[PDB]
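Asker: Here's the letter readout for the chains.
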Amino acid sequence: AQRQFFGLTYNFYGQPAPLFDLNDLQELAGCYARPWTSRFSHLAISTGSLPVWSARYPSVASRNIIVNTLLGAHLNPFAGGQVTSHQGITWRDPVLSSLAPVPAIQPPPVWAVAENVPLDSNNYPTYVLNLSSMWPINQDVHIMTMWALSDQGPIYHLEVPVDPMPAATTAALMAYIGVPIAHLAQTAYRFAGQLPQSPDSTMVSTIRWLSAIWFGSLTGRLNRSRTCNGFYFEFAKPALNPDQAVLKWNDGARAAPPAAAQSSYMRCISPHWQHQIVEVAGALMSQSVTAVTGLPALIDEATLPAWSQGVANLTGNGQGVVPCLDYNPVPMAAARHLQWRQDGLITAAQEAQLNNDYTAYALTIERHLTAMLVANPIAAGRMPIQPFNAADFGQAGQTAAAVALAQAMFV
Amino acid sequence: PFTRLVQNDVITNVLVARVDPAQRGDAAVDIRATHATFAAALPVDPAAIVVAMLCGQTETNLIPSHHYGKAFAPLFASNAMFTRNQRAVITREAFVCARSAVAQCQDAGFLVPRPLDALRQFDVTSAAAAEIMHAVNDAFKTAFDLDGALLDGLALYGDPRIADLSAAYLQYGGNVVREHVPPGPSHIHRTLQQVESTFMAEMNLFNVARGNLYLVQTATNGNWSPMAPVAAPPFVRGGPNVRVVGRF
Amino acid sequence: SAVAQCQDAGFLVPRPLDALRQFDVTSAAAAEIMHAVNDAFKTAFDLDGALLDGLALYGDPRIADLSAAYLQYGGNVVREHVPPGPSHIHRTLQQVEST
Amino acid sequence: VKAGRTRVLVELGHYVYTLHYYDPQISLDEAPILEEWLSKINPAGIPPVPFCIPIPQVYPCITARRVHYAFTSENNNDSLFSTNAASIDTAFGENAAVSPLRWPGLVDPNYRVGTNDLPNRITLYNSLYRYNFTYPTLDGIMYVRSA
Amino acid sequence: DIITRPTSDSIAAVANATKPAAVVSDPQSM
Amino acid sequence: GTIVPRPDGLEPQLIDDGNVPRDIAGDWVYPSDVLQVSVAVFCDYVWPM
Amino acid sequence: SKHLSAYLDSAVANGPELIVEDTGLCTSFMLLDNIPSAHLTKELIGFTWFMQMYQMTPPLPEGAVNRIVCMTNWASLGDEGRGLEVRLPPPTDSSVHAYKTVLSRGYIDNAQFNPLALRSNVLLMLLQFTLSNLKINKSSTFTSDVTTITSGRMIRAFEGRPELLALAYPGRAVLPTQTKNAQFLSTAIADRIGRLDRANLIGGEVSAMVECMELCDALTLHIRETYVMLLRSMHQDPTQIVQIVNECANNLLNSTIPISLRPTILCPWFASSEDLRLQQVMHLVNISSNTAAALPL
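Chains as they are written, first to last, in full-length UniProt numbering: chain H, 2 to 412; chain L, 770 to 1017; chain R, 869 to 967; chain X, 1067 to 1213; chain Z, 77 to 106; chain V, 1018 to 1066; chain U, 176 to 472.
Source of the hints: derived by calculation from the structure; they are not laboratory data.
Certain hints may be false.
Derived DSS-like pairs: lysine-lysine, alpha-carbon spacing no greater than 30 Å straight-line [claimed, not checked]:
{"no.": "1", "chain 1": "L", "residue 1": "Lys839", "chain 2": "U", "residue 2": "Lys177"}
{"no.": "2", "chain 1": "H", "residue 1": "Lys238", "chain 2": "U", "residue 2": "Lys217"}
{"no.": "3", "chain 1": "L", "residue 1": "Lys839", "chain 2": "U", "residue 2": "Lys275"}
{"no.": "4", "chain 1": "L", "residue 1": "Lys910", "chain 2": "U", "residue 2": "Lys275"}
{"no.": "5", "chain 1": "X", "residue 1": "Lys1106", "chain 2": "X", "residue 2": "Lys1068"}
{"no.": "6", "chain 1": "U", "residue 1": "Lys177", "chain 2": "X", "residue 2": "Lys1106"}
{"no.": "7", "chain 1": "L", "residue 1": "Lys910", "chain 2": "U", "residue 2": "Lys217"}
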């Protein structure tokens, strides 16, 4: 298994306290139930089936964001070795099974508020001694950290080995053909979440490949013309709703393995991710792999927010550092369409039309989000959506480098 | 755990609780006074044991792996092991929903969202809770076509309002374990919350209205819409010269 | 050729009858076209047994150019196309359409 | 109250209502209905609140002046769909047309697939997925025989 | 004879489901 | 091919493709489709004219 | 012998009924003609028009007054239902029986409702509403229409239930004489109908998954999509299944699986330990705790 993890709590965007009200906690972690594997309990195949368009939690990412903020107020044992209370609520037991209002006879100490708190598993010995039951904490803390480390989109990791796929993964994928991305992401989250597993497990390699294939198809390098061992992802028409992808297997030409093992970190540079299910699912799915296997290497600090500079066990600028790339969906879509034309899947006339459709679609997402922010100003004390500026929708980021990586990743 | 000759580690009781002792004033009470204990014993004859110990023999050239290979073959041919998994899931959903239902009828409880709190609910006695819990339990039984005992036994003490599960065992040295069994993250419970939220807006579709009712003589001759009055209501409560009847 | 001339995006064939109205044929629609042509030929040449049925009964009838291939474990793909030789009936048929 | 000297506000947060339509061309008094309604109120419980609404007409008619007593304090009229649907126009009665808001995915030019307003309003025409799952038995998954 | 074949039932069902009457008797017809 | 009957003795009208009723009298262009779906009315209000 | 036989054989079925499929319409609210429109034949001729005289079933109710009411599974063509329903009558009736689930039986009169217990009864009714809607939106055969009112897209032909076909797609209406219904339907966008996209994996096979738009309310749609989401949550790949079985047999009887495309399988056969622990504790609570209970065990 993996007997240790490191983490980092969220950042207050100038506000003095963590951003969530009692109702958020009461609804998102109430009923005295275990909160430790709930991230997919409020997701589905598509936005149309979800109440993400209005009222509280008016975004795809909204619920998971608040969850992360909520956890930041109660992860003190991995920072100071002691359970605490915040606004009258604390854990029921040293195992951190669930939350409850504080007892009246012997209340625990009140938590002193702080932000961007580094976390070590070793600070709380009982965790390791009860690893078999406290395992789910590992995954969620990792997820929270991977999101907390970045503004705009969360960070996740990619890698491709020099070897071909093992047979076991091939058979597993051959049973996941018609599945949409969201369902796939759930299984990955469900797998790593509920009991310890060793990194040398078939599922671990399986999900690792999925993240690779998803990105390769996202960049358009993997298509009906060119596929990874026969697999690739298919994206919905931009004319109706491009926020959907399904797995496919095909008799097209198979891409050759890279000359050397490739790996990097990724994130979305633009606010569109907050209301785009494929981004959320892809990030969560990829993060699940790193959760069970740990971080392969320190993340490059060069292009990260100020609070992310030089975080112990997480970020670095030395030799043993993996760079992190980022992209904007709109330029990415244009690149994907261009690759399709060069592969001959479409004509030039179609490519122009696809760009117009996707840009129109993205504009709606931006228009919705920007209107939603002023509806929920962060000064209100809870953050349903991460703050941003209008110019953030126009950043091209490192998109050119990103497609270059896929170029080298699937030769 | 099998203890061996350790006097302080001898386990005297194995206990289970149907009710959270925190709700009632039993925070710091003897574990035996708060959890029900098991009691069972089987009297075995030493003579039979001794013979079995001394009269054990097998085939001359047994290969255990082969023998067990044949023996266990028929036992893994069907979905038998999986039905219990499915029942466990349904049990989880049923338990959470039942707890959610009862809590929303009390003034407060296991901290759970209360979208319907604007409606009236006067009776909060344990009898009402028991009736509610049975209704939920029967509803699940019908929906998923179950026959055995589901969610029963919780009402054994007759007060579902504080129903909660826990187990523990007691050692002679005074050591206690006291493990908790909280439910996992259900799906239906979240949907039901969403339904209630929706209902609080679209209640008119269920022949249910909101607000007060007026009674004024009006000899109209033209259009008359009682459900959608166009004028402001007259003499809202607290207005001038408006009187509130006595409580008798 | 017949199926291609009824789906106005299909395999490239001269299209003398495009002036005529026609809703674009789906997979199911093309099957009926495939069947009728099949039956007409078998009637004309008095043939027993299957001649073209598999194209209509299974898969998408909207064919372009048949091909067979096998996949090697090393990732190499060996594909063999079978473009038809010079037809004669097709030529005169296109002439009939034009006139 | 029937003498027009008193006005009563019955306080009740929510309740079940009942309608009773009537022809606006003939005399009517709502008093008997209310009196009947009062005749069934016990300490145990109450019957649903009644209401009277004239049937909308398709021509300018002569209406008999009739008396009403009961009416609500809010707009509890959401369940109404349309009036005189099979007619060219509603002349006298209240004129309800099919509100586009419940059909964004059918009439809105700016409708996008995958949107709704679920927590606040219900839309009747949407887009959805459908599936064709198969349920293989255990032996359909693996080689079931001895191993 | 000339070749014909029935369409698939689903095609026929939809077609038959939509056949308004050609002549309708109404009192106001010039 | 909707027509619009009107009360008070005004003679009926027909829906222009710009979604505005127009008088029956005059000149008109019918795509085959609208005729196939509105022949029942056409036989009673347009054809007599 | 009953207990011993029970404890020894687990192949006694009695499993929860998980797979329920609907081929009808994913809606729970029915448009209802409450007050019929009058037939005029002497005076006021022409003010109203019925689709009946055109041998057509109107896509919308055409009474004098029309209402939206809650009726679960009113269009549920296909498999048999869960067995519990919610059917409110039109508001011209009592509709009180739908709120007498609890605290009403021996207490209030038949023609009343308990105003002091409203919240509980409402909650339970909504619960029944939720449970009744737990189905799977199954696909069905699509086809194009060769008629004049075609939009270029294929639609879902409800063979044997033509009235469903008329109701499903109001856009396919035929409109004479500009009634209030026509004044609304005439604004319908042309192509907002029928199949939108599909996952076509195997040549000549039925599409594994399809996306379309038709008559469907949001709330029921949200429920059912969650239900399938739950089902996916308890499913694992065959590689997992065979590994689990092999482990259970202490790596004896090591079987394996074939390697080929398995397009649309679903094996809801698993759960989490917490659920197992919960069921285990609950089962212990159900049985008696005396020596006469553990003996068969």
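Asker: Against the earlier hints, flag every one the structure doesn't satisfy and list their numbers going up.
Answerer: 2, 3, 6 and 7
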